[PDB]
Structure formats: structure tokens, C-alpha cells
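Enquirer: Chain by chain, the residues run as shown.
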Amino acid sequence: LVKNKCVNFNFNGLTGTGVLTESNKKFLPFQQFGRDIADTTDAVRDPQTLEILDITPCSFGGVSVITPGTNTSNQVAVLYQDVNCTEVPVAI
Amino acid sequence: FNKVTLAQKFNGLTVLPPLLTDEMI
Amino acid sequence: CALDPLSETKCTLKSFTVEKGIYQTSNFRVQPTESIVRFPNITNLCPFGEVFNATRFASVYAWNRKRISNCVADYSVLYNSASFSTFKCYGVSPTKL
Amino acid sequence: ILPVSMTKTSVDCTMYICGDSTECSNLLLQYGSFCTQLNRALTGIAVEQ
Amino acid sequence: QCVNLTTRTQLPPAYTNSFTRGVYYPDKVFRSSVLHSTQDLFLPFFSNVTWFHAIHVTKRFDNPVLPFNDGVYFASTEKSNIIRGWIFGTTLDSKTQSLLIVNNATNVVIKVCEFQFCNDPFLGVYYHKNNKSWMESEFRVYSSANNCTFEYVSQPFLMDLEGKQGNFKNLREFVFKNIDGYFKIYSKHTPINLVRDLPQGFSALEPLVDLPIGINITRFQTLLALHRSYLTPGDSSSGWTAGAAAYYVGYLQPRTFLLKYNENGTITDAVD
Ligand SMILES: *[C@@H]1O[C@H](CO)[C@@H](O[C@@H]2O[C@H](CO)[C@@H](O)[C@H](O)[C@H]2NC(C)=O)[C@H](O)[C@H]1NC(C)=O
Ligand SMILES: *[C@@H]1O[C@H](CO)[C@@H](O)[C@H](O)[C@H]1NC(C)=O
Ligand SMILES: *[C@@H]1O[C@H](CO)[C@@H](O)[C@H](O)[C@H]1NC(C)=O
Ligand SMILES: *[C@@H]1O[C@H](CO)[C@@H](O)[C@H](O)[C@H]1NC(C)=O
Ligand SMILES: *[C@@H]1O[C@H](CO)[C@@H](O)[C@H](O)[C@H]1NC(C)=O
Ligand SMILES: *[C@@H]1O[C@H](CO)[C@@H](O)[C@H](O)[C@H]1NC(C)=O
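Protein chains in written order, with PDB author numbering: chain A, 533 to 624; chain B, 823 to 828, 852 to 870; chain C, 291 to 387; chain D, 726 to 774; chain E, 14 to 70, 76 to 290.
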């Protein structure tokens, strides 16, 4: 098992990549995995320990920069668009 | 504001914050 | 395109004198670590035990007829053990079973 | 009542079409520059709004 | 052996209209309190379903064969545990393969063999004074079993089977389907004591167990339990006694539905 990390998940036979985390949702015994509106999976039960977990897709986002002007100076600063600062350095 | 109400990021789709916030407007 | 974000922007546009403003030069996507995680549970294995560890067998004219279903068959227990004189499989790979 | 602003949207068209597949991403490059044209149209929409 | 018990007179079927019952979760998936639509094989709200009533003292004894038609809706309100299972197949004899489902006081028995069904099959039960209990040793439903290709068993689903003289306070409703070589069972227990035959339609069934078996089913038959008669000085019998019983039969049809889910995970309502 892997938890709280960007990984890929298969479970009963479906596919997806993201981060797993503990979930507050309570499912009925027949329920296998949670599906959100527009037909996108968001929750899945662990078949071994019989525990439900949430699904968060990979923290995608475009990269943007700011610049006062080429002829003004050569310095520059960069803005990451809608990403938490915790996992930024994965940029390589 | 309390009357008006109906998304998030899913699979590449993005939403960008407004230039001016509700406090500023 | 790999030196400084400024250079990446100069490639995104077509100029060496980019002007002040905001630019969306490219996009960021975090990469995961591959892992096929949590295959579903196992109820019971194949009942190979009373077949291979049966104390008596039957005669060839009265060969018994065994059915195996709704169970998990682990042939690695069979072909890994060096306690069988012959091991012949036709039209199928025992290792891939 | 007069509407003045709509929630501006931008799309990672490479992700939307190819679905982060290497060969799929390689193939779409043969269809020219719709990729960048649509992105710049959307960013123009946002800045204009 | 077999017991021949038939009624010469054939009675016309009786009709009663369903109101809202006969809906099952289309998938084993969950959605979080959002309206959603689907297109599966369901039971229309206003369907003229059939009514059967077994009468005993004057009396009515007839268990005709009814078609399956891509799925069956079944429900009943029994008090003496007379109904015990269902039997499925195409030829219902030793020529081909048939599916057997039955219950006992201990467990649930489902068997897949080339069973030979009788013209008027039933399960025979009797009482032992020494054992002080009821047992069902005789399998009067069928004469013999052959070509056993599948067997399944699971714990009892809602109730414990005993000899009771009870009252009508609960209704059992089941939905039966077979698709892509899989057989599925849907059930729901709802305690209702009203004189009406069917409730308002709030509840919805749940999956119970999925049986993958590659067999074709074209018609089905109910199963009833007949009790051996221990005659008192002032009683009469024909060798077998059973209490009054009744049930309902529904037919699926290709439709599409709109479903309402809740935050908990229960379908509170729907619409056709
Ligand atoms: C199948 O499910 C059972 C029931 O949960 C698992 O057994 C338990 O697994 C948890 C997980 O750590 C342990 O804390 C318990 O001690 C286990 N109980 C028993 C009785 O084994 C089991 O691991 C699952 N997988 C398999 C292959 O059986
Ligand atoms: C340098 O850029 C600034 C931008 O405000 C402009 O006013 C100025 O004329 C530029 N100078 C030259 C030499 O291009
Ligand atoms: C970023 O992560 C930190 C620690 O995980 C958390 O405290 C913070 O609330 C997060 N911020 C956002 C915007 O997700
Ligand atoms: C059969 O029994 C022996 C010992 O009684 C054991 O070593 C062997 O592993 C058993 N066979 C299998 C297939 O497990
Ligand atoms: C159903 O049965 C009722 C009761 O006799 C009858 O009036 C009606 O015509 C039947 N058909 C339909 C479609 O309701
Ligand atoms: C829904 O779940 C909550 C959990 O707090 C429970 O209190 C409530 O009774 C449930 N309602 C239904 C209709 O299941």
C-alpha cells in the first residue's frame, strides 16, 4: 500500500493516477468506489483492509513568469499557477 | 450574494482567480 | 529553452526583447511513482492438497473426476517443488499459469 | 441587472486531447499549431474580461 | 419418488397494478447526493403485474410455469416460511442444464446441475417426535441430479426458518437478472403491516450476490414447502398440508430512469 503520495492506482481493475488520503465518506456494503458528477472517480475502497479512501488527481497547473522588460533588466521572477508551495520543488 | 449559488479542477481543466476580489470590488 | 524562464518565454514568443506583462509559457505536471496497488482479497486457494497429498489414489479404470472452480490456483507450489518425476505441459506454459 | 464578468477558463489542450500519452502527444504535433492558437485565444478572453 | 397433487380446474389469472416498486441500484457505484440518469432493464412504475394466491382450508393448489423474459420481479408476504427458493432452466429436465435455488433453516443452497424437475415439484418436510425438530431430508423437488458443474452457498439472508403461526408485518421483494453469463440477486426487507398489497415506493433494493454461470434461462418456477400432516382425532388431510401463500410477478423492459442519491448513499426516490 501507498498513502499520501502521487502514485497510480488500479484497485479492482479501473485505472488512475493521483494521491490517496483518508476519507470521511461512509459507503454501503455493496459499494465499491465513489464516482463524482461528470463521471469521474473520486473515492475507492481498499479491497484488503475494507477501508474507503479519497482520490485527488495530480496537482497540474500552468507555469507563468513576470518580467519588467528585456531592455529594463535581465532579472525575472516566476509564478506557479494554483499549486500549493509544499510540493513545488518536484519541478526538476 | 446569499441568493446566488449554483466547479473544481478535473483532468487538465483550469480556473483562474479574478483580478479584483469581492472585498476590493 | 532550458537556461532561464526568461529564455523559455523568448521561445514561446518570437523575439529577443520581450515586453513587460504576464505570460503563460508552458505547463507543469507532477509525475508519480508506478505502483499496481492493492489487488483484491483472496477467499480460498485451489484445493490441490487432497489431490496431491491424498493418502490413497484410485485405479486407472476407475479414475476419479475432479472439478476446480471459484478458487485461486497456485501452480508455483507444483512446478517449483522438485518432488515430481515428470512434468509435461502441452500447448500451455506452466510458468505463465 | 447587468452581467459584467464570467469565470475565465484556460485548458491544457495537450492534456485534454492526448491524455498524457507519449506517442499520442508526438502524433498531435503533426497537426500544426491549433494547440497554441486555442490557448492564446482563451488567455485573450481572460485578460479582456 | 414424486408426489402427484394436481387440481383439475384451471383458474384464470388475476391482475393487480404495480405502483412504484421494483427498482434496483443500476451499478455497485456511489454518487454523492447528485441527481443522475441511466438506461438499464427496470420495472415500469405502472405495470399490470400478475397476482397468484394459494388457498388452503375452499383451497387452491396450482404453481404454473411462467417465462423469465430477460429478468423477473418477485415479491411475497409469507408467514409460515412456505416459500423456500426458485428453480430456473430452459428444459427443466435431464435433457439440459437447470439452475436450482433453495433455502433451509441453516443456510442458503444454490446448485447448478442437470436436475430433473417434477410436474408439481415441492420440498417435503416432516416432524420427528424423538428429535423434537423439523427436518427436510427428502428432496421431493427433483428425482435425480447429474452433471454437477457449479455449486454455491451463502449465509441466510433475512430470516430464520421455523414452524410458526404468525401475522403479516413485513414484505420481501426480489429482483432477478442474468446478463453476460452472470446471474445477479437483488433484495430488500421492509416491514409493512398495512392492508394494501404494495407500499408507497420509498425503498429501493440492494445487491446481494453475483453468480457468474454461463447458462440460458427462458422460464422460471416458484418453490413451496409442503408439511407432512400428523392427524389429530378431528383432522383430515390428503397426505400433505401447507398454509395459504401468495406472491407477485413482474417483468423487466428496456427503459431509462432518473435517480436521486443522498449524501449517505441511499436512493430516496426516482422517476421513469
Ligand atoms: C482479506 O481481508 C481480511 C479481513 O480484513 C484481511 O485480514 C485482516 O487484515 C488486516 C489488515 O492489516 C489485519 O489487521 C487483520 O489482522 C487481518 N485479519 C485476519 C483474520 O487475517 C486480509 O489481510 C485480506 N487479504 C487476504 C489476502 O486475506
Ligand atoms: C527601454 O524600455 C522602456 C520601457 O518603458 C522604454 O520606455 C525605453 O524607451 C526603452 N529604451 C530603449 C533604448 O529601447
Ligand atoms: C498546503 O499544504 C500545507 C501543508 O500540507 C497546508 O497546511 C496548507 O493548508 C496547504 N494549502 C493549500 C492551499 O492547499
Ligand atoms: C504435502 O505434504 C507434505 C508433508 O506432509 C508437504 O511437505 C508438501 O508441501 C505437501 N504438498 C503441497 C503441494 O503442499
Ligand atoms: C390493468 O388492469 C386494470 C384493472 O382491471 C385495467 O383497468 C387496465 O385496463 C389494465 N391495463 C392497464 C394498462 O392499466
Ligand atoms: C444518514 O447518516 C447520518 C450520519 O450522521 C445519520 O445520522 C442519519 O440517520 C442517516 N440517515 C439515513 C436516512 O440513512
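Do not take every clue at face value.
Unchecked claim - Taking CB as the label site, the calculated pair distances span:
1) B:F823 / D:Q755: 42 to 50 Å
2) E:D88 / A:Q580: 30 to 38 Å
3) C:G311 / D:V729: 19 to 27 Å
Stated by the list, open to error - Cut-off 16 Å, straight-line C-alpha distance, at most; resulting in silico cross-link-like pairs (EDC-like, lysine to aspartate or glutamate):
4) A:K558 / A:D571
5) E:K97 / E:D215
6) B:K854 / A:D578
7) A:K535 / C:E324
8) C:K356 / E:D178
9) A:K558 / A:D578
10) A:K557 / E:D178
11) B:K854 / A:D568
12) E:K41 / A:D578
13) A:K558 / E:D178
14) E:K41 / A:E554
15) A:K558 / A:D568
16) E:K97 / E:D178
17) A:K537 / C:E324
18) E:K41 / A:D614
19) B:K854 / A:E554
20) A:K535 / A:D578
21) D:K733 / A:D614
22) E:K278 / A:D568
These are calculated hints, taken from the structure and not from any lab test. All C-beta atoms, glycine included, are put in the ideal place defined by N, C-alpha and C.
Enquirer: All hints are to be evaluated individually against the structure, with a verdict given for each.
Expert: Here is how each hint holds up against the structure:
1. B:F823 / D:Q755: 42 to 50 Å: This hint holds: roughly 49 Å between Cβ atoms.
2. E:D88 / A:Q580: 30 to 38 Å: About 36 Å separates the Cβ atoms of E:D88 and A:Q580, which means 30 to 38 Å holds.
3. C:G311 / D:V729: 19 to 27 Å: Holds, since C:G311 and D:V729 (Cβ atoms, about 23 Å apart) stay within the stated range.
4. A:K558 / A:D571: violated (20 Å)
5. E:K97 / E:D215: Holds, at roughly 15 Å.
6. B:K854 / A:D578: Status violated; Cα separation ~25 Å.
7. A:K535 / C:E324: holds (13 Å)
8. C:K356 / E:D178: Judged against 16 Å, a Cα distance of about 34 Å means the pair is violated.
9. A:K558 / A:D578: Holds, at about 13 Å.
10. A:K557 / E:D178: Between A:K557 and E:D178 the Cα gap is close to 33 Å, so the pair fails against 16 Å, i.e. violated.
11. B:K854 / A:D568: holds (13 Å)
12. E:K41 / A:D578: holds (15 Å)
13. A:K558 / E:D178: violated (29 Å)
14. E:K41 / A:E554: Violated, at about 21 Å.
15. A:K558 / A:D568: holds (15 Å)
16. E:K97 / E:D178: holds (12 Å)
17. A:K537 / C:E324: The hint holds at about 11 Å.
18. E:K41 / A:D614: Since the Cα atoms of E:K41 and A:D614 sit roughly 35 Å apart, the hinted pair is violated (cutoff 16 Å).
19. B:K854 / A:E554: Violated. B:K854 to A:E554 sits at ~20 Å, over the 16 Å cutoff.
20. A:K535 / A:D578: Roughly 11 Å separates the two Cα atoms, so the pair holds.
21. D:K733 / A:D614: Measuring from Cα to Cα gives roughly 14 Å; hence the hint holds.
22. E:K278 / A:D568: Holds: E:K278 and A:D568 sit about 14 Å apart, inside 16 Å.
In this structure, the hints that do not hold are numbers 4, 6, 8, 10, 13, 14, 18, 19, in rising order.
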